[PDB]
Every structure is written in C-alpha cells, then in structure tokens.
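Asks: Listed here are the chains, written in short residue letters.
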Amino acid sequence: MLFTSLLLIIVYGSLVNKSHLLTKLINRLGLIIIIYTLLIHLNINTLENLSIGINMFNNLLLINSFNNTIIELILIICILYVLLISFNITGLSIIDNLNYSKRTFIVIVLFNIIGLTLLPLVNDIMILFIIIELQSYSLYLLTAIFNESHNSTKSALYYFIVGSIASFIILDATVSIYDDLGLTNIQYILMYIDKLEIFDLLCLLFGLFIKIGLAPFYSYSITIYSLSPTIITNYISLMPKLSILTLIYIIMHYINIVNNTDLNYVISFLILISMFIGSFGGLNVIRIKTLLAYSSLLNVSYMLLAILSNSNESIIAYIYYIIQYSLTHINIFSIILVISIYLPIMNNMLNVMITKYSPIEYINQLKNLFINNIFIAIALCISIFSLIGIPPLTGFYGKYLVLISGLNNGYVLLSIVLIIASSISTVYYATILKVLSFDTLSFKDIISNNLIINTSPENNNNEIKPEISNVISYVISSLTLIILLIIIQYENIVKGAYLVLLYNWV
Amino acid sequence: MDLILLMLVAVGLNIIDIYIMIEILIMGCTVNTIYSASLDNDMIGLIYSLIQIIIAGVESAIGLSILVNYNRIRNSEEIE
Amino acid sequence: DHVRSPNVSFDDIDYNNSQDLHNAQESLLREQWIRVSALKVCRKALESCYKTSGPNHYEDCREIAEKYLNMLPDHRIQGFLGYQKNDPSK
Amino acid sequence: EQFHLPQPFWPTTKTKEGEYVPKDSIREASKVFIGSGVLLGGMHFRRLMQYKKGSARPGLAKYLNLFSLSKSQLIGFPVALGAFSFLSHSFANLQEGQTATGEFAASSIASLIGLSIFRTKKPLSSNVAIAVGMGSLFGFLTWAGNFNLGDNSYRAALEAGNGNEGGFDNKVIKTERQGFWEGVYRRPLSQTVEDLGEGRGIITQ
Amino acid sequence: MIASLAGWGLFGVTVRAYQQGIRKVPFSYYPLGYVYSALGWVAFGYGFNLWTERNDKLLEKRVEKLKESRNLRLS
Amino acid sequence: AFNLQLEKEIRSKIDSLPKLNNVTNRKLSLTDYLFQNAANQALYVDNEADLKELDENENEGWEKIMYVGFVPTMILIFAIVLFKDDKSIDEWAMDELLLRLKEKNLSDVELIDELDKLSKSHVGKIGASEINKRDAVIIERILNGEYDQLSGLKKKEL
Amino acid sequence: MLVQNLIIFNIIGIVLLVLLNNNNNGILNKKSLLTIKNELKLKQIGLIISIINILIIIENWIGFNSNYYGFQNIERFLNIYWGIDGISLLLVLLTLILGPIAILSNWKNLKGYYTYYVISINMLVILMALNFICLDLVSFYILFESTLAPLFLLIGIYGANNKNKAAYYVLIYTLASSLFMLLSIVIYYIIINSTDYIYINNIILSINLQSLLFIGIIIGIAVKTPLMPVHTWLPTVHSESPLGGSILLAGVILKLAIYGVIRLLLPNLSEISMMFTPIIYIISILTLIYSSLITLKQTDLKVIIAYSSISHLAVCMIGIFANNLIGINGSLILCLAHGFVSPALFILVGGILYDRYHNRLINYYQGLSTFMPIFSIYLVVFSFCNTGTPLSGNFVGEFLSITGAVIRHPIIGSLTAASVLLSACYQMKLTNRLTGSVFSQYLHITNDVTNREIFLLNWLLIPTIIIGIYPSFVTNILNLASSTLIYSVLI
Ligand SMILES: CCCCCCCCCCCCCCCCCC(=O)OC[C@H](COP(=O)(O)OCCN)OC(=O)CCCCCCCCCCCCCCCCC
Ligand SMILES: CCCCCCCCCCCCCCCCCC(=O)OC[C@H](COP(=O)(O)OCCN)OC(=O)CCCCCCCCCCCCCCCCC
Ligand SMILES: CCCCCCCCCCCCCCCCCC(=O)OC[C@H](COP(=O)(O)OCCN)OC(=O)CCCCCCCCCCCCCCCCC
Ligand SMILES: CCCCCCCCCCCC(=O)OC[C@H](COP(=O)(O)OCC[N+](C)(C)C)OC(=O)CCCCCCCCCCC
Ligand SMILES: CCCCCCCCCCCC(=O)OC[C@H](COP(=O)(O)OCC[N+](C)(C)C)OC(=O)CCCCCCCCCCC
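Protein chains in written order, with PDB author numbering: chain N, 1 to 347, 365 to 523; chain K, 1 to 80; chain p, 3 to 92; chain Y, 12 to 216; chain d, 1 to 75; chain g, 25 to 46, 73 to 105, 132 to 234; chain M, 1 to 491.
Check before you lean on any hint, since a few could be wrong.
Restricting the straight-line Cα-Cα distance to at most 25 Å, the calculated cross-link-like pairs of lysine-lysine (DSS-like) are [stated by the list, open to error]: (1) g:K196 with p:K42; (2) g:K102 with g:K37; (3) M:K429 with g:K140; (4) N:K512 with d:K57; (5) p:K42 with g:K77; (6) M:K429 with N:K461; (7) M:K297 with N:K461; (8) g:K196 with g:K209; (9) N:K482 with N:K24; (10) g:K180 with g:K231; (11) g:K140 with g:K163; (12) g:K102 with g:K140; (13) N:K451 with M:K165; (14) p:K46 with g:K178; (15) N:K482 with N:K461; (16) N:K461 with N:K384; (17) g:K201 with g:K180; (18) d:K65 with N:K512; (19) N:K512 with d:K67; (20) g:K77 with M:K165; (21) Y:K64 with Y:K82; (22) g:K163 with g:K180; (23) g:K102 with M:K165; (24) M:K30 with N:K461; (25) p:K42 with p:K53; (26) p:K53 with g:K201; (27) g:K230 with Y:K182; (28) g:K209 with g:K180; (29) p:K46 with g:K201; (30) g:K32 with M:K30.
In short, the hints are calculated from the structure, not lab data.
Modelling step: build the complete structure from the supplied sequences, incorporating the hints.
Replies: Here's what the structure looks like:
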C-alpha cells in the first residue's frame, strides 16, 4: 500500500501545476497513505501469531513480535510528523509557506518510511546493505530538500560523507563475515555463531553506531541538527534511531549467544564515554537545537544500556523507552514550531541573524513564554520534566526500567554514571525552564505589541480569533497529557510489553 | 604502518578528494567479495559483488549532486 | 472490646502464610507490653513502701527493690524483628 | 578484638589460596610504554606530513592543531601509561588480587609522574589535586566491578541457582552464610553475633 | 464496561479543554468540539480495553508454561 | 444585587470630580462573577479599583473562611484526641494484666472481691492516688508471680 | 475512600480554578470581575480546598484503631496499595494543617499570579501528604521526587533576589541524591521482585548487600534532612524562596526524611542499621555542634532560622536511630513540634519584618520591643519553644531523644545534651538583639502585627503547647506503631 501509492504520488505530483495549495493538498494525500498503511498492517500482523517469527521473501526478511512493535510505532510517529507539513504549524503565511515550497518533500518522506520499516526485518547481509542504503539515501535527500539554503546543503554534504564512511564500515563487516563462512543468510550464520570472529559483528555495530550519533562519532550529529531547518531536524534526529536501534538490539541478541565479554567492554566504553559528553556537553550551549542534539545523545546512551544488557527486562525497557521518547521528542519540536509567533520584532546590538528556516534558534527566544501563552509553556515544562526524569511522568519510568535491566546484568558502573549523567544534564534542562518562567513577575504588566503574532491581520473584530491552528494544538495537548498522566494506565502498558517476545518462548 | 593512520596523508585537500577515497575504500570491499566467491565457486558472492558495484554507483551520483548544488549556491548572484 | 491476644509463636508457623506471620508478630508485641504494665505495677508497690516506711525503707522494701532492679533490663519493649529474623537454637 | 563496621562491597570472584599466578610487571608495562610511544610518535610524524601538505588552509590547521601533542606530552603520556601499567600490576601481586585501593594507588602516582612532566608550569598542589582526582575515578571504576560484574551479576547468580528463584522458608535454616544476592526469612543467631557483636541489645543488654 | 469508556471520554474532554488554553480561547468556544474530542477517545478507549483484555488472555497462557519451566529448574 | 445603575452613580459622582489621587452598599454575589456579561462587568472594574485610589488591615477576605472553616476543624481534632474511645496498646495491657489475674486465680476469693468491686474507670490509677479504693490484694498478687507468656512464645533456646 | 477522595477532589479543584481564571484570555484584553481585589475570589477557593483536605483525613481518623497492629484503611488506587498506621497518620495531619497556613501567609505579599501560587501550594501539600500513605518503595520514591516540579518553579517564579541560585539548588541537590535512593529501590525490585513494605520487611539480605542498600538510601536521606556535609542547599533555599514555600520546605519536607528511616531502613535493613548507628551518631552529633556554631556568625535574618532548623533535625535523627521506644517516640514528637515552631519563626522573620522593611540583614533591627510589642511577645515566646523550654512540645521531643540517645549509647550519645545549651546560644542572641536597646535608627515606626498575622501565630503556638503539656495525645497513637521498629534479641 505504501509502495503502490508512492508511484501514484510521484506521477501525479509531476503533472499538476506548481502551487502551494496543491503542494499542501498532496501532503494531505500522503497523510492518508500512511494512515492506510497502518490499518492494513495492524489487520494482518498480530502479536499472537508473529511470536514465533516468520520468514518472508526467501528468508531475506524475518519478522517477529519485537520488530512488529516498532513498525507500528514508526508509522505512528510518521503520521504525527506529516501532520506538521500537511496542516498549519503557525498560520502565518510567511513562516508556513516554507513547508509547501517543495513538492518532493512528502515523496522523499514516503521513500524513507519504506526504508525505515524494512530495516529491522532484514535477515540477509545482502539485503542488510541494500536496505541500510535505502534509508541512508532518503535522509541525505531530505536534508537537502531545501536546495536554496546554504546551511541545509552544507549539512547534507556533511551527512553524505559521514554516512558513506558509515555504510562502508557496515559493508566491510558483512564481506568479512562472508569471507569466513561463505553464507549470507543470518540464520545460516547463527549455525556458525561459535565458529566466526565475533568482532566482525562488532565492526558491523561500529557502522550502525555512527548513524545514531554515538560518541566519539557524536560530533557530526550535533553539527547537522543545529544547521538543518527545524522541520527537517524534527525528522532526521529521531527516525534513524527508531529503526537502527531496533536492528542493533537484534544483532546484540544473536551476539550474546556466545557471551563474549570483550565485546561488552568495548560497547560499555562507548556508552560510558557518551554519557559524559552527552551530559557535560550541553552545559555551555546557546542554540536550542544544539541542546536537543546533546539531549538526544544522552537518551541514546540510556537506550544502549538496555540493548547492551539484553535480557527479558531489556525488551520491556527498550520497548517502553523508545515509545515514550518518540512522543516526548515530537511534543517538544511541535511546540518550538509554534511558539515562533511570539518572537519580538525590532523597530542595534549583537546583530543576531534569524532566517525562515530556524525562526526559533536560541534558548533565550523562549523568554516569557509563561506570559505570552501559559498553557503551552506548561506543556513544554511537562515535556522537559519528563526528560529530566521527574516522576510520575513517562520519563521516569524509562530510566527506572532501564536501571532494572542494567543492574540485573551487573552493569553497576554504567548504572551509577547514568544517574550522575542524568543529574548533570538536569542543569541544562533547568535552563530551558529558567528561561520559560523565572522572569515572569517583572514582565507581568508590559506593553507588548511588537510580537510576530501581532502582524497577523484582524479578521472581523467580533468573532473569536484563536491564535494557534486546530490540528497542531490538539496534538500538543494530547501528547502532553499522555506524558503527564501515564500513571493511570502504566500497569496495563507495561503488561502489554511483557508479551513482546524475541525468541524467549519457554 | 597504517596503524599510524597513514591513509590520511594520501587523501587530498578538496571535498572531491574525499568522495574518491570513499570509492577506493568501497572498491576494496567488492574486490574482497569477488576473491572469496571465485575460490569457493559460489555465485551468491558474485550476486553480492554485483549489488555492491550497483549500489556504490548510486552513492556517487547523489554525492556529486549535493556537491554540484553546493558549488552553484555560492555562485548564485546571477543579477546580470 | 477487650481483644484477646492471638497467642502464637514464630517457631510453629510458615512465614509464607503472611496472615499467620502477622499474628506471630502481633502476639510477641502484646506480651511485651504486658511486662511493662507488670513492671509499672511493681514500681508502684515500691513507691508506697518507701513513702510509708521512711527510715525503715531499706528493710520493709527490700525484696521489691531487689525484684524491680531485676525485671528492669528485660521488662521493656524489644519488638519482634529480633526474634523473627534470628534463630536462638542455631 | 577488632571493631564491627559495614562492608559495602560488590561480590568478586574469590581466588583460592595457591591460585593467582602473578603476571610480569616489567614486561606488561614494557608493551604499553613501547607500544604507546610508537603510536603517539608515529601519529605525530604523520600529522607533520599533513601540516606540510596544507598550511594556509584555515580549516585544516584548525583540526590538526587540536590533535597536536606538545613535546612533553609525547614523552609524558607513554611514561605515565608505562608507570600506570607497572604500578597497577605490581600492586595486584602484593594484594594477591586486584583491589580498588591498589588501582587508586597506581593511578594517582602514575598521573603524578605523568602530570609533573607535561604540566611542569603549574603548582605542585594543582597537580596533586588532579592526580588525586584521577585516582578516585579508577578507585570507583574498580570498586564498581570494572565495566561489568560478570559472574557476580544477579543474572549469573540466578542462572546458577544462587538467586531468590527458590522462595524463602522459616523451617529451613542454613548454617553457612547465604550468597551475596540471596535472601532468607530467618537466620542463625550466631551469624548476627558474628556481625553485630554482643552488646546494645543483642543477646545481652 | 460503560464506566470504563466514561473515564476515557472524560479524558477526551480534558484534551479539548487543554487545547482551548493553548489556542487562548474561551472554554465555551464551539461546544460541538467537546463532543468530537470526547467521542474520539471513547473510540480509542474502546479499542484500548480490547487490547488489554487480549493481553490478559495471552499472559495467562504464557504463565502456564513459565510455571512448568520453573518447576523443572526447581528440581 | 449587581445593581448596574449603582455603578453609574459611582461613575457620575466620580465623573463630576475627575481629579484623582486627591460606598457601603456594594456587595456582589457568585452570579455576577460568572453569569454576567463582559460589558456590565467591564465598568465594575473601574469603580472598585479606583474607589481605593482616593484613600486598617481588616476585612481582607479570609476571616470569613478561617474563623468558620479552619477553627472548627481544630476543635474537631481537639475533640477527637479528648473523647475518642481509642484504646492504646499500654492501656490494653493493663486491663489484660488484670484479666489474667481473674482467669489464673479463680480459686482466690479475696482477689476477685477487689476486682469485682472495682469500677472500670479507675483501672488506670492502681496504687497511690486520690481515689479511696483498696487494691493491696491486686498489687500483692502480681508481685508474687508473673502472668505473661513471653517465654511461652519462644520455643528456641541457646 | 481516602486517597481516591483526596486525589479526585483536588484534581477537580485544580481544574475548577484553571477554568475560572483563564476563560477571558482570548484575543481581546480583559478586565473581568475575578481579577478584582487581587484575584481574591480565586485565592478564597484555594484556601477552602486546604481546609477541606483536612476534613477528608478526619473522616478516616475516626475509624482509626490505636490497639491494632498493622496498616489500616488499606485501599488500592492506580494499581498502588495505600494505607495508614500510627506513625503515618500524625504526619499526614501535620502536612494538611500547614496547607491553609501556607496559603494564608502569602495572602497579599505577591506581585501577582496568585492563582498559580494557590494551585502549587495545594499541589505540594497533597504530594507530600500522599507520601506518608503509600505502601511500596517505588510509590514512595514517586511521591518523594514529584514535589520538585512545582517547588522548583515556585521558588524560581516567586523567589527573592537570588531565586535563580535557590531554584538551581533544590532541584539538583534533592535529585542528584534521591537518584541514589532510586538505585537501592531498584535492587530491591531485582532480587525480591517486589518493593511492597510488608513483603520486604520479612526478608534478610547478606550483610554485604545490606551495607550497599543502606549507603544508597541514607545518601538520599542525609540530603533531605540536611546532615553535614551536604546541608548547603537548605540555608540558601530558605533565604530566597517565597514565605509559603519556606513553611512547607521546613514544616514537612524535612520530616519526609525522618519518615524515610521508619519505612526504608529500620524494618528491612535492621541488621545493618545497628552497624551504622554509631556512624549515624557521629555525623549527627557533629551536625548538631557545627550547625549551632555556624549560626552564631550569620547576618541574614531568614538564614539564621534556617540553620536552627538543621540543629533540631540532627537531634531527630539521633533519637530515631536509638533502638528504644523512648528515642523513637521522642524523635517523632520533636518532628511534630518542630513542624509548628519552625514555620512560626519564618513568619516572624521573613513574613512580618520582611513584609514591612524588605531587608533581611540583622544590623537594621534592634529595640523592636518598643514600637512593636505584640511582635516581641511572640518572638520571645517562640524563641523559648524553639530551644526546648519545658512547657513546649519541643522539650518533650528533645528530652526523650536525648534520653533515648544515652540509652542506645551512653558514652557518645550523651553529647546530644549539648543541644540544650547551643540552641539557646544562637537563638537567644537573635531575640535579645531584636528586642533590646533603643529602637533602631534605620527603621521607621509602622504597624504592629496585623490581625491575620496574629491568627497565623496563635494557631502555630496552640498546637505546640498542647503537645508540651499533654504529649500523650501523640503517644497514644504512636506506641503500638513505634514498637514494631525495635530490633533486639535478649537471651
Ligand atoms: C613489521 C612491524 C611493523 C610495525 C609494527 C608496529 C606498528 C606500530 C603501531 C604501534 C604498535 C602497538 C599497536 C600494535 C597493534 C596493537 C597491539 C595488539 O594488537 O595487541 C598485541 C599486544 C599484546 O599482545 P598479547 O597480549 O601478547 O597477545 C597474546 C596473548 N596471549 O598488545 C599490546 O599491548 C602492544 C602495545 C599496544 C599498546 C599501545 C596502546 C596502549 C594505549 C595507548 C593509546 C594508543 C592510541 C589510543 C587511540 C584510541 C582511540 C579511541
Ligand atoms: C591517540 C590520538 C589522540 C587521542 C584521541 C582520542 C580519541 C578518543 C577520544 C574519544 C572522544 C573524542 C573526542 C574528540 C576528539 C578530541 C581530539 C583532541 O584531543 O583534541 C584536543 C581537545 C582539546 O584541545 P586543546 O587541548 O584545547 O588544544 C590543544 C593545543 N595543542 O581535547 C579534548 O577535547 C578531548 C576530550 C574530549 C572528551 C573526552 C572525555 C571522554 C570521557 C572520559 C572520562 C569519563 C569519566 C567517567 C567516570 C568513570 C570512568 C573513569
Ligand atoms: C497561646 C497559647 C494558647 C494555648 C495554651 C494552652 C494552655 C492550656 C493548658 C492545658 C493544656 C492541655 C491539657 C488539658 C487537655 C488534656 C487533659 C487530659 O488529657 O486529661 C487526661 C487525664 C487522664 O486521662 P484519663 O484519666 O484516662 O481520662 C481522661 C479522658 N479524656 O484526665 C484527667 O482527669 C485530667 C483532668 C484535668 C486536670 C487539669 C488539667 C489542667 C491542665 C493545665 C495544667 C497542666 C498541669 C500544670 C502545668 C503548669 C506548670 C506546672
Ligand atoms: C487542564 C487539566 C490538567 C490535568 C487534569 C487531570 C485530568 C484527569 C483525567 C481523568 C481521566 C480518567 O478518569 O481516566 C480513566 C480512564 C479509564 O480508566 P479505567 O476504565 O479504570 O481503565 C483502567 C485504569 N486503571 C488502571 C486506573 C484502573 O483512563 C484513562 O483514560 C487513562 C488516561 C490516558 C493515559 C495515557 C495512556 C494511554 C495511551 C498510551 C500511549 C503511551
Ligand atoms: C494533583 C496533580 C494533578 C496534575 C496537575 C498537572 C499540572 C498541569 C496544570 C495545567 C493548568 C494550566 O496550564 O493553567 C495554569 C495554572 C494557573 O495559571 P493562572 O495564574 O490562573 O494564569 C496565569 C495567567 N493569567 C493570570 C494572566 C491569566 O497554573 C498551573 O498550571 C499551576 C500548576 C502546574 C505547575 C507545575 C507543573 C509541573 C508538572 C509536573 C508535576 C509532577
């Protein structure tokens, strides 16, 4: 349904006249295609039947209940992202018309969802390399979709080079595996899981570690995320980790058969180093996207401890964490795409150049959001409080579940560092909350009419004029209450994760 | 010798020189696969090599397209 | 009304039965509070004698003073965690 | 009769008396010192060739300068690691097994030897504060059980029958002490006295 | 089971009520909005309870096998 | 009693003397805060805020609540700790000590004579007190022998 | 009933207050009726909810049985088992009582946004009140850490000149340490597969593993009841937080750490609590002596009371770790008595003086007993109560805690008696200076204590002297509950 509709959108888009209304309407055709895909997927795919694991397409693709969880999650998060490009994020024509200037935006996104959803299912080194390129090529194109922008093109060039080296490392590990065994199917390799150099699978992981931005490779991800348009950074900083971390978990599932300790020490060396950089790095930053880039690295460090431990509680910790972290990430970026309407306008010093690609770029552009919109400020406060790990939000249960998996497997050193690194990172999450509210009472009664939102035309002066569009507001509210009120249905959700199996059985 | 990272001395100082090093690096992977496949008399390794050559070509085209638009973006006055 | 103590020992029950274990803890607490109540009664007898005897308080209050100084170390609340979690026989 | 203080230590693989064949403290440090010297020395010359190829370029010299090691560092670093590996192994033989205080002692001194070479123009107090700081990190890294507890993890104990998979019972008292991760309903009183000692409410008043 | 969908619907009313504040509009604005947001989450709430009841049936059967495996381990 | 025109009198009386920084019959209801429309509520703001403008820490809006809602809560707390039929553990242990004397000394006529004639109110003051009651037998019986089974609960010895 | 009525009503109240205030935001400027008199209607609804919260618990206090051993009023709400025993009931009563007083203290001394303040105060009180009635470590931790989100915002929004430093202190000190309490809670869930209080009370762990869990938990406790050397957050936060935030942060938040010992250390880690009790005494005796001496050299008025809070809490920890009923009952009565005297002083120092002169430096205030006599009567009266004068509820708590300390350890536990002398040094020096010599030449004659500020003082003094004269009100509830905490085998 995804592939067939993609061809129809490719042909149709190249026929009709270049205009914003038609570009925005085609973006609403893709929102249907992704919705239709989820209905067909959930219809045939069930947890109860995919438990054993089912080979598809001459064993090239293997699907089980652990992979199947993430495909539905990926489809869901791709619906919430397409809602941004398909509806108004602000309603001001100047800021919004950027999302509709490109007709191939939705096509490239639909290309990536095919790439993302097939990566966890791969079961052959021949198709592992092909699928990882299909996902990797789609990201470079999306990073350069705004080809007029100098920073966007400079980022895609940086992205392509780093990913090309990353893909070469992945390709070289598979070749080395084929050299030793002569087999391509992953199941056939499992028969020789004790007879092959287990470090050649680690060389495979080193390639997948680059693509998720893990230190010492973290440098490029921070640069890329702080240069792309905020609508682009909202996608490329979350989606690759959804499908690669699922793949990394499976590869580590096979690896722990021989339980090689040297493999675990090197990965612990990278997890430990990344927590240090992910925490101390964000202390001295001014750009919000650079801040969320360091925040992303720290959460990936937590999620690797659940992957590295790889027990029965590690499935629960990973499955829960990857879901709550995606909703938190969408909620935060959606707010940053909206609160740009409250920016002031000059009528000077420090010569800060703002562009239509990142209207909100600095942390102090969040100033006085407690005054301009109190309800959305709390939503950003609740979201940041989840990242801090304050209970009983979603973020606490992610760290609590990760700690169970980590300590149950003897990772005492990493468990303590993650709890040190969490507190160090609380400093720079607290700065976002300091900027949001702390200067409320001095600014309470101010004469503000130079905001960007004050350039909106007055329609009637009799009817009520809401400040924020309908769809984006409903998404922000829904994900803010889900983050806040997870305590109500937490027991059902966690018991719904006990059933996700990866060859546990009995 | 290469443990001191000698190959960094062998890569030129232009973005196009990096692109070539990526191709020469991947070329080594394909040659390794052709070597194993022929010794084993296995055509599955030759299917892999054929895919690697085709996939390594698509990677070049996208990289050059980004580089080409990167170049014209500076030379974009065009006010004549 | 006056609830009767559930006279029960830690040495005859299964701690897996947390209902019976509760009674073994409640029964060991109630007996100890009786000893303090017994102790406070004995001390009252000492006080009358000393006030009434005056100079002869060393004689007319001899065994009460002896007994009170004997019951004092052990007629105090000690809880049940000591005996529940420890095995004197071993 | 000594005092009774708590023992907050994660379990370790105990080596039987007669086990633990020691390892050559000279040879082990020789490999790290010589090896690290060639790598750091070799990478320096390699980075010098990159300097010759490009000098006027701002970005290339921007990155090459970060990795550059001063002439003291190219000498101080190999000595410190060689000193670190010698002192870490040597203290392992003295203790008949690696301990946190041995790793603290090796790391702090080795840092002091190293820091005094490539950080001469700083007060000696400033170095000792840094060396003691770096000592703590290796003390805590060893105390935490290296990167992983390994066989002493609860998962390993559970997979070996030494976990609480078997429940608890009051009628089954174990004369010997229970394992690190194991829990019991009731304990032999002699284990309490051998831990708490007689006195403040144990046995006597 | 209607009370379970009652709670889910009341959560639907809260989201629409919380949407008004973000948009900065009076809470009586467009009263049909609260019906749509309520019914949307009752549809979600209806399915969510179906999913959890399905989990109970699956988890009871899996635990039947896990108990047997533990007994073999505890031999 | 919103009295829309009562504001216009305040409006007119103020309007006649526009100079600023140079009454009792005003009292709203809960209806005027919510039911009333903005325009009629709009004028009320100016009258009330600027009435103070032309100016001893009394009638601050709390005395009606705390003196009616908070203080009776304390009386309810103070009452409960005074006249509640909660039996503390030690007061139970005193009645239980005597209830065992009756059960353990049923052959003793004189002992039961003092327990019988005793009232349930004076159980808590056995010994020297203002009450003219006889308890020498009660005190004497406890002294001679113990009436607890603390060793009876402990079936394990060193 | 209880928790279900306590959450659902408060959530309904919070929603009601938000609906009323934010209705008029819209696209147009609003001059509504609810803003008139400084949000007075919205402050009243906040004050009523505080009073109603007390009525909910009393409905369940009547049913409480003092002769039953075990948790009562057990109920399950949100897949969490709750309940009340003797110790928890009284602390819940203290927490909810400070509700109306914290709100009343800030009635007309904030520059605005009273509705936000009123919601936060009732939110913090409920979170702390619910923390005494849960029955598992995980739920204890959830409520133990959830109070940071409102408290950090409240101190930052409404704080004094250094509110940014104070906000960055409470958030990080009480999170970087309580995360160590999360580790020991997690390990309980890994080996035992449950964190319920009753289930984990019956398990004995290896004496090595007992030492690890104790060190983790006591790290999280030594910060909440600030023990030297990790006390540096409390003096700073007190001197900068709003007055109502100081009443809760001193009245209740510190006592959550003494209740942390009662649930998390004594029952389940009983063997290792005996070992650490000598070490706990060393830390607390040095906390008692150093905090008293440091107070002698302070200048900020509201800091001076902050350090007096640390000296008393050190005595409370000394008593609770004594293995007898005398020390445990004394420690808990002191926590209740300190729960009224400590907030009263901040009203006198940061709520009556600071609302008139807006300066906390001690140098400006002397001879205050001339033109402010009613203030100086309460400052004198509360100075004595703060220092264990025999008729107050603090003396009963301190004497028993000292008595229990000597019983547990006659030699070093006797040094607790230095609390009687040192508490009179820094305190009486502060009172003697304030109400002595001629009236200050830097201040100007103004109103004496207002009628509202008298109401706050009288109802923090009245509970203090009832517990002093007749402490058996507290004891009759505690005795059977506090007797389950004692670990001793006598043969
Ligand atoms: C014809 C020869 C051509 C030239 C050959 C020399 C090439 C120059 C490169 C320097 C030589 C050292 C590195 C050589 C390969 C790495 C060493 C290795 O592979 O391990 C072998 C050696 C010990 O091996 P062994 O324990 O005896 O194995 C048998 C066990 N029964 O392991 C060793 O300990 C050897 C010494 C290595 C220690 C140096 C590194 C220690 C840490 C310093 C940091 C180096 C840079 C850090 C970069 C990390 C980046 C994240
Ligand atoms: C052998 C080749 C040379 C060594 C290469 C090492 C590669 C592995 C490093 C992993 C992290 C990659 C860091 C990025 C590359 C850094 C390269 C570098 O050294 O640049 C120098 C930089 C500072 O440059 P600067 O000193 O100001 O200028 C020198 C003037 N000649 O110095 C730095 O910024 C380096 C510090 C970056 C952050 C590293 C800290 C990682 C955390 C380690 C501590 C973990 C503590 C955890 C506690 C428990 C464990 C003890
Ligand atoms: C600004 C501050 C404002 C507040 C200041 C408050 C000061 C008021 C002083 C009183 C303080 C409260 C104490 C009175 C209330 C408690 C009374 C009580 O508990 O009596 C218990 C006593 C024994 O109990 P029981 O025999 O079992 O039967 C009683 C059933 N309720 O039952 C009895 O038979 C006792 C009968 C009462 C005896 C007289 C009580 C007088 C209390 C005041 C004097 C206290 C003792 C003297 C202290 C002065 C210094 C020496
Ligand atoms: C401005 C406002 C501020 C906030 C005010 C507070 C609002 C409180 C609303 C009360 C609602 C109510 O009562 O919910 C009751 C209902 C139904 O409960 P039940 O039938 O018993 O189901 C069982 C519940 N157990 C376990 C308590 C018995 O649960 C809900 O819908 C839960 C809320 C949704 C949480 C998100 C999880 C689902 C999405 C999964 C993706 C990760
Ligand atoms: C018992 C637990 C229930 C759960 C409560 C969840 C909070 C969400 C409330 C949203 C309502 C709203 O956004 O409304 C805003 C209200 C009232 O603002 P105001 O002063 O009237 O308006 C101001 C503007 N004016 C005056 C110009 C009109 O302030 C609050 O939010 C206060 C409570 C939340 C603060 C801390 C949030 C931390 C969350 C994490 C906790 C673990």
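Asks: Are the hints correct? Go through all of them and say.
Replies: Hint by hint, here is what the structure shows:
no.: 1; hint: g:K196 with p:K42; result: holds (19 Å)
no.: 2; hint: g:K102 with g:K37; result: holds (15 Å)
no.: 3; hint: M:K429 with g:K140; result: violated (39 Å)
no.: 4; hint: N:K512 with d:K57; result: holds (12 Å)
no.: 5; hint: p:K42 with g:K77; result: violated (64 Å)
no.: 6; hint: M:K429 with N:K461; result: violated (41 Å)
no.: 7; hint: M:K297 with N:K461; result: violated (38 Å)
no.: 8; hint: g:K196 with g:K209; result: holds (12 Å)
no.: 9; hint: N:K482 with N:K24; result: holds (23 Å)
no.: 10; hint: g:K180 with g:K231; result: holds (22 Å)
no.: 11; hint: g:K140 with g:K163; result: violated (37 Å)
no.: 12; hint: g:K102 with g:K140; result: holds (21 Å)
no.: 13; hint: N:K451 with M:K165; result: holds (11 Å)
no.: 14; hint: p:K46 with g:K178; result: holds (20 Å)
no.: 15; hint: N:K482 with N:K461; result: holds (23 Å)
no.: 16; hint: N:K461 with N:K384; result: holds (12 Å)
no.: 17; hint: g:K201 with g:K180; result: holds (22 Å)
no.: 18; hint: d:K65 with N:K512; result: holds (17 Å)
no.: 19; hint: N:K512 with d:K67; result: holds (17 Å)
no.: 20; hint: g:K77 with M:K165; result: violated (45 Å)
no.: 21; hint: Y:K64 with Y:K82; result: holds (22 Å)
no.: 22; hint: g:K163 with g:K180; result: holds (24 Å)
no.: 23; hint: g:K102 with M:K165; result: violated (38 Å)
no.: 24; hint: M:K30 with N:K461; result: holds (15 Å)
no.: 25; hint: p:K42 with p:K53; result: holds (17 Å)
no.: 26; hint: p:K53 with g:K201; result: holds (17 Å)
no.: 27; hint: g:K230 with Y:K182; result: holds (15 Å)
no.: 28; hint: g:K209 with g:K180; result: holds (23 Å)
no.: 29; hint: p:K46 with g:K201; result: holds (10 Å)
no.: 30; hint: g:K32 with M:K30; result: holds (20 Å)
In summary, the numbered hints that this structure violates are 3, 5, 6, 7, 11, 20 and 23.
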